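Asker: One letter stands for each residue in the lines below.
Number of protein chains: 4
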Amino acid sequence: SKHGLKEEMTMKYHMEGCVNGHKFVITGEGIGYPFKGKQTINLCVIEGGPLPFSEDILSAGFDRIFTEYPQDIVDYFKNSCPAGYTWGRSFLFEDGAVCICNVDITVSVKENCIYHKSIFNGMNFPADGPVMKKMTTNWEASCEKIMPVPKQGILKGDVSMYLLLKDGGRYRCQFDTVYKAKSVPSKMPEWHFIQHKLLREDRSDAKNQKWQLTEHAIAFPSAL
Amino acid sequence: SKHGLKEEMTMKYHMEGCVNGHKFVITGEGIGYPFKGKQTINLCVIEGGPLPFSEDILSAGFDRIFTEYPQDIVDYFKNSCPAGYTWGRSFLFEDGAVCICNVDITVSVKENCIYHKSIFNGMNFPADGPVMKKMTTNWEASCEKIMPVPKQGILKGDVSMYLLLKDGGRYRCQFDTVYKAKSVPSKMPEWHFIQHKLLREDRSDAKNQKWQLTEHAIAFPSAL
Amino acid sequence: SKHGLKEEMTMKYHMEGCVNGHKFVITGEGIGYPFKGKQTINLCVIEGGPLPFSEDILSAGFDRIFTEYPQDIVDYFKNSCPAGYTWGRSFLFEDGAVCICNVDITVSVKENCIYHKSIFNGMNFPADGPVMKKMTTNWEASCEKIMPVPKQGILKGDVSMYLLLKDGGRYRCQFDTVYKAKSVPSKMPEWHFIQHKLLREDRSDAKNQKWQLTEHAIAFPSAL
Amino acid sequence: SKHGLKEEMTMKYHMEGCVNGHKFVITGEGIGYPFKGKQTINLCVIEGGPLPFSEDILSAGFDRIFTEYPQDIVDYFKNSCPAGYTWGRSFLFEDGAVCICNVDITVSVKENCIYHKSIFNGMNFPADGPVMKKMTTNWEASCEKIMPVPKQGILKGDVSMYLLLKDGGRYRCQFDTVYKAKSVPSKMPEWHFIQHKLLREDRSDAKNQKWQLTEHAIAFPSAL
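Here the protein sequences come in this chain order: D, H, L and Z. Here the first sequence stands for residues 4 to 65, 69 to 230, where the numbers follow the entry's author numbering. Here the second sequence stands for residues 4 to 65, 69 to 230, where the numbers follow the entry's author numbering. Here the third sequence stands for residues 4 to 65, 69 to 230, where the numbers follow the entry's author numbering. Here the fourth sequence stands for residues 4 to 65, 69 to 230, where the numbers follow the entry's author numbering.
No lab work stands behind these hints, which were simulated from the structure alone. Hints should not be assumed to be uniformly reliable.
Identical chains blur together in the list; that is why a pair holds if it fits in one copy or across any two.
Stated by the list, open to error - As a list, the in silico PhoX-like pairs of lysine-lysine whose alpha-carbon atoms are at most 20 Å apart:
hint	residue 1	residue 2
1	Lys188	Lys26
2	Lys123	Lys26
3	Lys123	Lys140
4	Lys186	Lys157
5	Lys157	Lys172
6	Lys172	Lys188
7	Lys157	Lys188
8	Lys26	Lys39
9	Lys26	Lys186
10	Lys84	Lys5
11	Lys186	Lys123
12	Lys139	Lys157
13	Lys15	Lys216
Based on the sequences and whatever the hints tell you, model everything.
Answerer: Given below as structure tokens:
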């Protein structure tokens, strides 16, 4: 009954970061449906709260295993479990801001709980920007392009993202990810697409900055 | 029997360009199915042939009206016919090369023939690159993000493209387009996706550099 | 008494362009001191005036021969006269706008007058930007890096520019130029620097959009 | 006898990083002439050696206080001593690689020794690139543009860098730094230039990966 995973698991999160020189630590928990491509996490700022920047920039920082993959398409992420995998991503904001996230996913054996260890670093978030002024609401749903790296055993992800502005309008960020399974897979997917729907809902109280994230993602092939 | 268009039309092309300082003129013809999102053009180099760069860079240079749009999604392009529309696009190659294309589409009334007047300019195509060394085969199929511009009556297109290398491997180009209907539409689509499949087949002979292009494109909504 | 040039010459300008779909033609004249690295031009909008965008974006569009070169440093531009040379440049604005300029410089023999034929194309200048809202005053002085291209007989120029905002503050544009002498030089400069001081002064009247530009530029070696 | 600094000091370095997922720790020491704009450091890989990437990418990672400033130009860095300052920088490589460095400089009171605490993160360094293949020799000397940030009490640095290739040729990296004094200065420099000369000399032995860096930098005003 498992590829290391179950139809319903639990996940743990521990992020350490530094944005525009501001250090912070975060811990999270959630439950998900790897096979359905659905997940719900609860974040809490253990160190450095309240954060001075939008929680939005960290979202994608907080696991491709939560993707519904068709039979016809090879599932790189799931085939790496429970050993897991690591990933790296650069965030290129339209206003010069630059972020980098690196993560370690590891499927807990007997716990039915997926772990993720991340480090988030960013700088150049303009003081009068939507990030530092917390003027962002959510990311718009997307379509990411996933492509195998020949002779390297890794996957490349490419997605142009848009953060929705409280004041209406979009805010652009270019995502470029490197997906690395902990072991050379016998199998490798052909290039494909992944559609995402990341949503955020703050839940802070004058005693703790906390919030919830949700994600639904589905892999598809070119409709050609 | 027409939105200005028919299930089967004909199109004319006249491109004037300059790539890495090399000037050229091109004329083309084809037949298409606006409603099916299918088209086939035949290009011929009238001036400046043989071109010293890949024909591939010009492809996207050579009409969103050839897109199958679902009922539920507003069709900006078709609603602009037959008056047509113009579009602008910057091409950002991964090796520094930069191109700009600007076009004028105009639906011929009684001819059932769509016209397109373009000007293509590019420079910084490295001499030892896949473009100048003609090492490219085709563009990989894609998914473009289409979004309405509030208060402006125009559409923005965003697509990360990949040119396939003869020698295997990808070559990246970032596309950013501005779509402008000749008149303020009463209607405006919500943001959506467009999937493309552009193919190329050279047909040159030691007496003329000629070639054929084909395209199939389908508009979709977020699968969320 | 001349490298094709004199201590004081005259120059002619004819620019044809299209910015954000708006076409225009421009003609200019001036006098300069190639050897002093000083020049003064007078522009006039022959077609498409009044322009809807800042005149500022065209400035650099309107000749390295107007650079004071030290003895110790080879002067690529001057050594190409009077045959002249061509150059290409991509303009990468911080707000997505993209421009491309291509030029032909040709030293008139018996006229003591330098000619320049340019084509300027640009798009994606946001409607609510400093360019379309004409909120710019001048470019800040700069330092450009000039480097020889091995095995190619051309020069590369690299400069991060800043347009001054009426409302105070900077507006960034990345410049990347390719300098190509019409003939393979026996000599080639080593990489060096060029410092610039481009200024603008409008002179339009309710009967013609006209303006003046000035430039002072000096080549230097690394002060190391 | 000091602005917190002396004509000759000592400096300590402790870097923690992660490049393309590879973690490492580094410690260094040197002696310098803040007022002469000269410094010499000795690096040693305490953790994660031998590094799999060029030492070159870390160089600029390893203090503007080592800059010769003219009287006429305000010295932001020195005026922050000995309290010191922090700085942030994004590194944008031409092949997609992205790095981020954040540092804390603190002038030791009675030690005459300047401390620097850094964290370096980078990813997307292509496996077949000059960084991962260690094909780089040194950075070419440069000219950086330094500009005050109005209403913010910080400095912005902008420099287009070139790494020299063993195999001849250049490798581009765009530098964008934020300089932040620990306290609001009464004084603020006007925008200016800084010219640099960073050199590297490996000194590793089959028992330790160690190396030496040197730097000479001089602030100047526009020569206009």
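Asker: How do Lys172 and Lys188 come out at 20 Å by Cα distance, when the copy is not named: within, between, both, or neither?
Answerer: So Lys172 and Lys188 fail the 20 Å test inside a copy (40 Å) and across (31 Å) alike.
Asker: At 20 Å max between alpha carbons, let me know whether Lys123 reaches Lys140 within a copy, between copies, both or neither.
Answerer: Neither way: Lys123 and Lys140 sit 25 Å apart in one copy and 29 Å across, limit 20 Å.
Asker: First find the shortest C-alpha distance between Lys84 and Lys5 inside one copy, then the shortest across copies, and answer within, between, both or neither for a cut-off of 20 Å.
Answerer: within (10 Å within a copy, 50 Å between copies)
Asker: With identical chains treated as interchangeable, where does the CA-CA distance between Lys26 and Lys39 reach 20 Å or less: within a copy, between copies, both, or neither?
Answerer: Answer is neither; intra-copy 35 Å and inter-copy 34 Å both fail.
Asker: At most 20 Å between C-alpha atoms: does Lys188 with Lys26 qualify within a copy, between copies, both, or neither?
Answerer: between (29 Å within a copy, 16 Å between copies)
Asker: How do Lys139 and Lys157 come out at 20 Å by Cα distance, when the copy is not named: within, between, both, or neither?
Answerer: between (44 Å within a copy, 16 Å between copies)
Asker: Regarding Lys186 and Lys157, is the shortest C-alpha distance of 20 Å or less found within a copy, between copies, in both, or in neither?
Answerer: Answer is within; shortest intra-copy Cα gap is 13 Å, inter-copy 39 Å.
Asker: First find the shortest C-alpha distance between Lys186 and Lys123 inside one copy, then the shortest across copies, and answer within, between, both or neither for a cut-off of 20 Å.
Answerer: within (15 Å within a copy, 30 Å between copies)
Asker: Should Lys157 paired with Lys188 be assigned to within, between, both, or neither, using CA atoms and 20 Å as the limit?
Answerer: This pair counts as within: shortest intra-copy Cα distance 15 Å, inter-copy 44 Å.
Asker: At most 20 Å between alpha carbons: which applies to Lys15 and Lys216, within, between, both or neither?
Answerer: Within one copy, since 15 Å is at most 20 Å while 39 Å is not.
Asker: Using 20 Å as the alpha carbon limit, work out where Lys26 and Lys186 are close: within a copy, between copies, both or neither.
Answerer: between (27 Å within a copy, 15 Å between copies)
Asker: Checking an output row: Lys123 and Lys26, CA cutoff 20 Å. Within, between, both or neither?
Answerer: both (16 Å within a copy, 14 Å between copies)
Of the numbered hints given earlier, the model fails hints 3, 6 and 8; all others are met.
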